[PDB]
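Visitor: Modelling step: build the complete structure from the supplied sequences, incorporating the hints.
Number of protein chains: 4
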Amino acid sequence: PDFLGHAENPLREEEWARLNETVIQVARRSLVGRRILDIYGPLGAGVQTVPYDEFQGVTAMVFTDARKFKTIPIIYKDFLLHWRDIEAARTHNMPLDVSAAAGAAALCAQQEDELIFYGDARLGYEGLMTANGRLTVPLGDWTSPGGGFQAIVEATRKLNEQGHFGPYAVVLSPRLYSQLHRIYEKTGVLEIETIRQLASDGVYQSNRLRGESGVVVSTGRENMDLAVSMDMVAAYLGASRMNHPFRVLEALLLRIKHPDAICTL
Amino acid sequence: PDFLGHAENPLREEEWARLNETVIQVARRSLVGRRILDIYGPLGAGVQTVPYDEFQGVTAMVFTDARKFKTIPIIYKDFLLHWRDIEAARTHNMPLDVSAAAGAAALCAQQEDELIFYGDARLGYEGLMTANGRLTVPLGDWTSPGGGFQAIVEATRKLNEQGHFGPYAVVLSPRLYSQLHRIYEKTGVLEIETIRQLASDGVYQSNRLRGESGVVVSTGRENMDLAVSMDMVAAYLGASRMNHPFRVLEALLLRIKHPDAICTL
Amino acid sequence: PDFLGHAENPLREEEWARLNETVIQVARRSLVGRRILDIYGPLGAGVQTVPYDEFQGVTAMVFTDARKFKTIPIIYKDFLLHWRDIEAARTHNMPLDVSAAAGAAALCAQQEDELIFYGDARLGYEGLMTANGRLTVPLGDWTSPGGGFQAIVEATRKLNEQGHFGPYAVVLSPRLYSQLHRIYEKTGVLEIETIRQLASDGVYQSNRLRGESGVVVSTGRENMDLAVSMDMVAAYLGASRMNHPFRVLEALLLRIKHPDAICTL
Amino acid sequence: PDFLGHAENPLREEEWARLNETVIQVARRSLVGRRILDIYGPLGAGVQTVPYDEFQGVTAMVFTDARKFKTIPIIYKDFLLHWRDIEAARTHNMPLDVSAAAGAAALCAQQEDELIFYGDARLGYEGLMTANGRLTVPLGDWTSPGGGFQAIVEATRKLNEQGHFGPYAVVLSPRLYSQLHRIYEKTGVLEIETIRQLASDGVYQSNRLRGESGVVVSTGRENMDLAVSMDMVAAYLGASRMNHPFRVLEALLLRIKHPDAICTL
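Chains as they are written, first to last, in PDB author numbering: chain S, 1 to 58, 71 to 277; chain B, 1 to 58, 71 to 277; chain W, 1 to 58, 71 to 277; chain V, 1 to 58, 71 to 277.
Calculated directly from the structure, the hints in this document are not laboratory data. Cβ atoms here follow ideal geometry from the backbone N, Cα and C, with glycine treated the same way. A portion of the hints provided could be inaccurate.
Computed, partial: chain W to chain B, Cβ under 8 angstroms [to be verified]: (1) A247; (2) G250; (3) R259.
Guide: In C-alpha cells form, the structure reads like this:
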C-alpha cells in the first residue's frame, strides 16, 4: 500500500517540482536584499566556510593564509502535512495543498532580509547597519519638507570622496519611504523621483528596518558579496508519527569585503 | 597531479568563459564613452598603428601617404588568485571567485573613460576636452536657474553654423548634471528634459569629468571614431611562486577625424 | 631540443618518482610527531579550513555551527637544480642528484615538528607545549638520581584522575633523555626502561624541545588529531632564468580536540 | 539531491568499511578481557539466550534440560555526525571524520572490560571478581618487597590442588602492577618477570580493577568462555532532525562454566 511504510519521498516528482517552484517563487518575490547584491554562485550544500576577504598576500618558512574565514549560517522553518492529504492527492484531488510551504518560505525570507540588514551581533555576523567603518552620518529634521534629499546628497558625496563612485542603491524604512514619497518639498516633482535618479540603480523599501534607517550603498561587486551555499529548497525530515514533516532550508552569508561603500542615516 | 606543474591555462574552459563574461559585462555596464562613439571594429591584437585621418590624396615620382599615423595604447590592471583556490574549484566548490576580476575591470574601464575624455597630453593623445579647434564657449552663471539651457543652445547653434547638424549628444559632470536635474527654472518642466529632447541621442553623465565640463558632440561616424584593437579580455601571465597572476587587457584609441563637432563649456 | 623551451615538467616520470620517494622517505625517517598522533586522512590540496572541535550541537530560526574553524598552514622550502644537470641526466648520467631535495625535506620536517610542539603563538596556532588547560606540573631537582620517574608518575596520575586512562606517550628533550637514560637511580634497572613500561606506547626524543620539557600525552584518537591536507611532495615552480627551481610542500594542522590529555613538566 | 530525503545508509560502502574498521581496530586495541578468554564464535544478532553450563544430563516421562539459561546483554554508545559533513564528504573532502566513532568505541570497550571483571551484581550477571566458590585468598603486606610473589604462588598452589593445573593468567590493578614492576625484592631480577614465567600465558593490567585486585585464572576453555553474540559494529538509527545519529553495538556474555579456576587476591 506504500503508505503502511516509513519514508523515502512520499511525494512524487510532480509534487516535489510544484513544492520547490512555490517556495522559490515566493522567496524571489519577497526578498529585497538579493536585488542589490551580486551572489557568489551556489556552492553546494557541502561547504561550511567561505573566505571573508580578498587574497592580497605575497630554515623553512610557514605561510598562513591570513585573509579571514567565517562559517555559513543556515535558516529553516518547519511545516507539516497531514497523513491523509498525501494519500488522497496520490489518487484523489490531483492538487496538493502547499499553503504551509508558502507561509514557511515567507517567514524564512523575512528572516533572511533581517539577517542581511542586521547581523546576529553576538555570533560575529555583521551587516549593512552594523559594519565597522560605516561612514555614519546624521539624519535629523527629516519631517521638514526637503530635508531628506539633503542627507542622501551628503551621503553620496561622502562615498564619492572615499573613492567609491559608480551606481548607488538606497534602502529606506517604510516610514521614511512614505515621507519622501508624499511631498514635493524642494523645487520640482515628488522628492523620491530625484533620489531615484541620483541612485541610478533603484530605491527600495525593506520592512525589516527599524524606525529610522536608510543606508546608501555602492552596488558594485568586490565591494560586498552574498555567498549562497544553497537556495531555498524544501527538505523532508522523516515520518514522526505517520504524519509528514518537512523543512525549508537556506544558507546565505553576507560578506562585506570592503566596508567603505556603506553610509547609515 | 597537474598542480605540481607550471602553467598553460590552470582554469578550465567553463571557468575561462565565466571570467571573460564577468569582465566584459562589468565593462559594458561601466563605460560611458562607448555609448556615443561608433567603434571601428575589433582589428585583432596584432595591429599597433591605425590611420588618424581620412584618405583624401590624389624622373620617377614618390608618393607618401600623408594622412597621419598614431599608435594604439594598451590599458591593463593586475589581479591574483591564490594557489589553493583553483585547485579547490577544480574538485571542491564549483564556483570560482571572480571578485578580483570585477574590481580590476572596473578600474580599467574607469581609466578608459578618463583616457577618452582627457588625453595623456604629453604622449600626444588628444581628447574631447583637449582637441584643437574645440569651439570653446563660456559657461558662466550656471547657478542661475535657467542659465544652463542657454549655454547648450548657443553651443548647438555654433555647431549648426559650422556645418555639423544632425543628432547631438551631451556629457556633463555630476555636479552640473544634478544642477540641471533639480530645477525647472525656465518655462515648463525639469531643465534636463528639454536638453534631452534637444540632443536627440541622449544626455549622459561621466564621473571622470572635473568640476566644470559638459561638451556637446555630433554623434555621427566619420566625425569621431573609436579604434578597438581588442576588447577587455583576461590574460594569464605565469605562475610566479606557485600562485596565479592574471591581467585584463584593453587597447582603444580615440581618433578625432574631424574636430569641428566638439564644443566645451 | 626540448630544453630551448620553458616548462611543463622537465623531469621524466622515473625522475619524479625518485624525487618524491626520496623526499617522503627522509620525511618519514625524521618526523617524530607523526608517531604518536593519528592522522585525519589526506584531504587533498583543495581544503583550506578544517573544524577544530567535535560536533555536539542539538518566526524562523537560524542555526550556526558553533564548533570552531581554523585555517591549515603550509610549510615549504626552496631548492634549485642547475640547468645542465637535467639535460645531462636525460642522456648522460642516468642518476639525477637529489641531495638538495633531501636537505630541503629535512629542514621542512624539522619545522613541522617545531610547529607541532610549539605553535606560532601569534597566528593563533596552539601546541602540546602551549595548550590551555595544560595540566602543568613542576619538574624540579631532576639531577637527583631517581627524581625523574617521580614526575612521570605524578603526571600520569593527574591524567588518570581527569578521566584519561589508556596508553600514554612521552616526548622528552635530549638532555632529559640522556639523564634518564644514564642512571639506574631508584631500585632496579636503567630509569628509562621503567618509564617505557609505564607509557605502554613509547618514549621518544625530539630535538625541537628546549632545555626543559617532557610532556606525557594520551595517544588515543578523539583526544588529539593531525589534519593532513597533503603530505610532502616536490612541486615545480617555473624556469626563472633557464635554471629549474622547485619547492617541497606540506600542509599540516594539529588540532587539540580535548586539551585534557596534556601535562607539561 | 539524495539529501533532501530521509534515510537508508547515508554513507557509501567505502565509508561504512572505514567506520567499521576504525571501531573494530580501537576495540581490539583496548580490550584486555578478550586476550585470556576463548570466544564462543559469533552466533549472530538473532540469539538472545545461551546455555550457561555443560550438558551432563542422562505413564509418560517429561525431560527438562536443567543446565541453566541466561540472556545476553547489549552494550551501546551513541554518537552524531553533522548534516553537512556527510554531504561534503560525498563530493568535498574525501575523508569522513570518524573521531566520534573512536571515542564511542573506546567507552564501549571500557564498559565491556568492566562488565567482564565486575558483573552487574543485581541483574544476576557474575564475574571473575564476584563468582561464587571464588577461592578467595588474603593479599596483605603487599608493600613489603617480595610479598607479592608469595600470594601468587600460594594462589597457583591452591588452584593446583583443586585439579586445575595448566597455563595460568594474571590480571592486576595498575597500582599493584607498578609495585611488582618496580622492585627486585626477592632473589634475582624484577619481581614481575618471575611471575610472568610462572603464569606461562601472560600477566596483564586492567584499568577497570579497583585499588586491590589481581585474580589468577586457568586460561583453558571449558573452564570459562565468552559468548559473542555480535562484535562491535556501528549501526545507523535514523535521521532525527536532518542530522545523522549512529550507535555502536556489542553483545557479550561471560559464562563461568566452572568457577574453580578463579582466585581473588
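Visitor: Should the interface hint for W/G250 be scored as holding, given a Cβ-Cβ cut-off of 8 angstroms against chain B?
Guide: Constraint on W/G250 satisfied, holds at 5 angstroms.
Visitor: Can we keep the W/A247 interface hint, with Cβ of chain B closer than 8 angstroms?
Guide: 4 angstroms, holds
Visitor: Next item in the hint list is W/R259. Is there a CB on chain B closer than 8 angstroms to its CB?
Guide: Holds: closest Cβ of chain B sits about 7 angstroms from W/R259, inside 8 angstroms.
In summary, the structure agrees with every hint in the numbered list given earlier.
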